[PDB]
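Q: With chain A fixed as given, assemble chains B, C, D, E and F onto it according to the hints.
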Amino acid sequence: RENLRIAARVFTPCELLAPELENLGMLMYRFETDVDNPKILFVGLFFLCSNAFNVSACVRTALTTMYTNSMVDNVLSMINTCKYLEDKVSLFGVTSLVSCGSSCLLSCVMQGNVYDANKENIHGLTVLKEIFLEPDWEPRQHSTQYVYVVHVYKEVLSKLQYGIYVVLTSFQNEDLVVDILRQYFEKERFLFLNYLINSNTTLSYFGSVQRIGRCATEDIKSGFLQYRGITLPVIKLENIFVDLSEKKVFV
Amino acid sequence: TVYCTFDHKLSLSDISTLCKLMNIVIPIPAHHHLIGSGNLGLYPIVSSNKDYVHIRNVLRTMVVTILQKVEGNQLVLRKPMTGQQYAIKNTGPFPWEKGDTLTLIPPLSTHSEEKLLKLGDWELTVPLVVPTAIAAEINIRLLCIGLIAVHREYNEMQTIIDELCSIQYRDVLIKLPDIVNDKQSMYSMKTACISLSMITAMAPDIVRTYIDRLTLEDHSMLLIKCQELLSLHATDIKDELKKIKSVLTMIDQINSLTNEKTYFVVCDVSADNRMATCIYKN
Amino acid sequence: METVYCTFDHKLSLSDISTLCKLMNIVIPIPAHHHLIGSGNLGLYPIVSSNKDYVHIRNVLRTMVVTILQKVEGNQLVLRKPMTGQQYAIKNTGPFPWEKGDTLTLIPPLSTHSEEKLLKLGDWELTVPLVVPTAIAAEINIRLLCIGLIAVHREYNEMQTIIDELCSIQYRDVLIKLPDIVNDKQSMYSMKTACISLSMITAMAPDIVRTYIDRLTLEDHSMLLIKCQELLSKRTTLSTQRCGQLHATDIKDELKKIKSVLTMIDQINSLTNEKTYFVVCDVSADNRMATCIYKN
Amino acid sequence: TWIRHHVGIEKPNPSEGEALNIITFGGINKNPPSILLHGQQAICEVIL
Amino acid sequence: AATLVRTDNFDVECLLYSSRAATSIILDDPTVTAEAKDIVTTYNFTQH
Amino acid sequence: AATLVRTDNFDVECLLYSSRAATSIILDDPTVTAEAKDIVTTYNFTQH
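Chains as they are written, first to last, in this note's numbering: chain A, 1 to 251; chain B, 252 to 533; chain C, 534 to 829; chain D, 830 to 877; chain E, 878 to 925; chain F, 926 to 973.
Calculated from the structure, these hints are not laboratory results. Fair warning: there could be bad hints in the mix.
Each computed DSSO-like pair below joins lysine-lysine, with the alpha-carbon atoms no more than 30 angstroms apart [claimed, not checked]:
id : chain 1 : residue 1 : chain 2 : residue 2
1  : B       : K271      : F       : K962
2  : C       : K555      : C       : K633
3  : B       : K441      : D       : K859
4  : A       : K247      : E       : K914
5  : F       : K962      : C       : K614
6  : C       : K808      : C       : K718
7  : C       : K650      : C       : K710
Pair ranges (Cβ atoms, derived) [as the list claims (entries may be wrong)]:
id : chain 1 : residue 1 : chain 2 : residue 2 : range
8  : B       : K489      : C       : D717      : 24 to 34 angstroms
9  : F       : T948      : C       : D542      : 11 to 21 angstroms
10 : C       : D542      : B       : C270      : 38 to 48 angstroms
11 : F       : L952      : B       : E322      : 55 to 65 angstroms
12 : D       : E847      : A       : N3        : 21 to 31 angstroms
13 : B       : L480      : C       : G655      : 43 to 53 angstroms
14 : C       : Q619      : B       : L480      : 46 to 56 angstroms
15 : C       : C554      : E       : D915      : 31 to 41 angstroms
16 : F       : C939      : C       : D542      : 40 to 50 angstroms
17 : C       : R821      : A       : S102      : 21 to 31 angstroms
18 : F       : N934      : B       : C518      : 23 to 33 angstroms
Don't be surprised by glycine CBs; every beta carbon is placed ideally from N, CA and C.
For reference, chain A alone in the conformation it holds in the complex:
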């Protein structure tokens, strides 16, 4: 037969993937570690949207109660003790085939549409409803939109707080997208023009945008996830041709 989708088999300890072992289609992050036995360690999108600053306190504590164990506490401490975020953790792809063994096996899609095998029930990317926004001239302009993930930092007088945005746009051109994003993000940008001089932590930018891939306009549908009864509003993209590109930073 025929497939044409690019996957990767994945081993990750089962503590970190608490609702993401149940709802197929999630962003996954690579977190390299100075500990040599788990050199790479894989991170849920919602697991890092915990300490994202965009998320309100109700949603944050709700998914923290979805995300409370010792291993996750140590990993969040490691993530916070990392200086910046975006090149100690990294974008990796989209979840499919949770196995849930002892050390659980995950397939993950690099390119193409999200399906395990036999092409029944082609899954979709699941984005938290708080963490996305579409800054554009006309929303849902004519047809299919490119989905990007933006990491944006913030500095509340002690430390750095990262923030996870997802933009949906008709614009393919990265220059046009960073030009509309500076118009969206100018305020905290000037706050970082104050901060990055006095800072000694090795970072050089305000945020960075990276393409996930294509979506379809009529395939955006609302909903919620629930794990242990915690209703959590999400916006489910349905069919996604995953097309990763390079990180493009902006100051």
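A: Here is chains B, C, D, E and F on its own, set in the frame of chain A:
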């Protein structure tokens, strides 16, 4: 595949001109399987203020296609896929050395009128294809015209523009007349101004010393020209790495200003250099 | 068409065929002009050590066509060029280990003249760009720039140990020593255009931004004006003492300053970015080859 | 400022030359009026 | 003084008469084409 | 005194000779590869 239909019968001179014009990128905004006379080309925007940077921004927004197989009034436009090989006929007055990256630029208005199409208050405005080097050169000139025209003098705006505007790249003289001086250069200079302030505040101690140390050791004549423009270090090395990384990122930002997205990558060029093959789409 | 056949000038020794069979998957940059000889315009031998600038090296390595070895015939090299978005296989050349999901890129080889020089067929040799992860590419770029800046510098009694601390890097328990030592200039790469251009940018920035910010703030900008006052006043707290010319500048002077400072950035366009030539999906056993996908 | 205050316009109408000239390209950033009863209206003006 | 002008749009149902055989219609056999993406195949019928 | 050097470009035709059967060539049977697309089905083929 996007089929174009003009709803108006064309003559044998028109079909001869389109046979001459076969295999050329035309941008469309529509993204349908059908387009007509109204959305084809760049004429449905070049009546609104004729601003070069405005055409450049919406031309960044456009969706590009390739002309193919004109059967009379019907006109095939292939939507060319990512990284595949395609044949392009050129329109920019250039010699087109192979292997360079190509961008897509608004049409620089030559003094001679176009012979492409003019039919019923509708022309076929085709944007040009240029190398990325001269594209970035034009974008430098745009930003520079705004930097000068924010400053105000009398009978000096013309003195800057007539010297600056006529440029030469590969034995070709082009020029860009009637700049409206919109604030487009002011924003796209404003982030440059921000980034140059950051280069000032974040530039290390090694580097502006490195001029004076290099000059006081040795000399070269281009270094003397750079001197004309111009006129303890006890283990802080991780701070030096961070400061040089920040300065490099600011230079990446100001480069991303003047940069234009490369739309084609050339492999094979005909001897006439009217058609060339590419393997790229963004 | 899809592939490319290169023909060597001379016959191949038994050890040379054994070397090609050891190297049966590798990236090879080829220029756009299709030279059918297997000794000219392949492996970038004709570009380094004949026309050396390290901005020219980075520029040409960005612009060359990457093409991977597939099979070695009795006389010819079969070289398949990658299609974007498809899978290929790369045998591992760089010293630094590959892990899954890593973005790969091509840096110029740290060309110490103690290497084994994989082929050496009558004054012609083969040097490949190093396939390396992207954070490493940024780090090696910054370390080489630091060495090229402080190498010209005089009368530091700590110069040998600070060049040692620059040349020592470590990433996932694999150390390498940077060959930019005390300027033997074996291949120092000399980076002179790069360092002069960086110092022209860090040189021309404050007075051009001063000539702009001294103009047109009768409206409330209040987002750039006072911000740039703070930005200029941190680094240069004592601003414009002797004044040099005592503020008699030309419109054409500011024109030339702006044009030069914007030209030098597009000159250092090569050290601006690094592109992800490969995104490795999985890594094979023992870290000797890896199946990846091709991008850019 | 006094003319705008008497004719009832928001005092920050400029935004970096009309949102970097996309309000030169023209469009809607405002919420359209929250209550509506009869649809569309637009009344032009000639002085006499 | 002032001549304020205004336009108003109306919902109008509006009938048509035509004499018989007023215009002729020529039509091809409809053409079938297919585009095989990785998860769907889009079939397209065009008719001139 | 002064000696002045000059490059001059020339287009030269070259006569060519070969023996009775100088090389022997080996020709593949050509293999018609039928590429299918939406409109044009380009049937590219090669000879080795």
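Q: State for each hint whether it applies.
A: Right, here's what the structure says about each hint:
Between B:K271 and F:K962 the alpha-carbon distance is near 25 angstroms, which keeps this suggested pair within the 30 angstroms criterion. Proposed proximity of C:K555 and C:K633 is supported: the alpha carbons are some 23 angstroms apart, at most 30 angstroms. About 25 angstroms separates the Cα atoms of B:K441 and D:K859, which keeps this hinted pair within 30 angstroms; it holds. Distance check on the hinted pair: A:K247 and E:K914 sit about 27 angstroms apart at the alpha-carbon level, within 30 angstroms; holds.
Between the alpha carbons of F:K962 and C:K614 the distance comes to roughly 23 angstroms, so the proposed pair stays at or under 30 angstroms and holds. As the CA atoms of C:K808 and C:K718 are separated by approximately 28 angstroms, the hinted pair is consistent with the 30 angstroms bound. At roughly 18 angstroms between alpha-carbon atoms, C:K650 and C:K710 fall within 30 angstroms of each other, so this suggested pair holds. One distance hint, 24 to 34 angstroms for the beta-carbon pair B:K489 and C:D717, holds here, with the actual separation near 27 angstroms.
Checked against the given bound of 11 to 21 angstroms, the beta carbons of F:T948 and C:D542, roughly 19 angstroms apart, stay inside it. Roughly 46 angstroms separates the CB atoms of C:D542 and B:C270, a value that falls within the hinted 38 to 48 angstroms. F:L952 and B:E322 have their C-beta atoms about 38 angstroms apart, which leaves the hinted 55 to 65 angstroms range violated. The given range of 21 to 31 angstroms is broken by D:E847 and A:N3, whose C-beta atoms sit roughly 50 angstroms from each other.
For B:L480 and C:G655, the Cβ-Cβ distance of about 47 angstroms falls inside the hinted range of 43 to 53 angstroms, so the restraint holds. A beta carbon spacing of about 48 angstroms between C:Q619 and B:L480 agrees with the range 46 to 56 angstroms that was offered as a hint. Checked against the given bound of 31 to 41 angstroms, the beta carbons of C:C554 and E:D915, roughly 36 angstroms apart, stay inside it. For the pair F:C939 and C:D542, the beta carbons lie near 22 angstroms from each other, so the given range of 40 to 50 angstroms is not met.
Our hint of 21 to 31 angstroms for C:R821 and A:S102 holds, since their Cβ atoms are close to 29 angstroms apart. Separation of F:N934 from B:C518 is about 27 angstroms and conforms to the stated range, judged on CB atoms against 23 to 33 angstroms.
In terms of the numbered hints stated before, the structure departs from hints 11, 12, 16, listed from lowest to highest.
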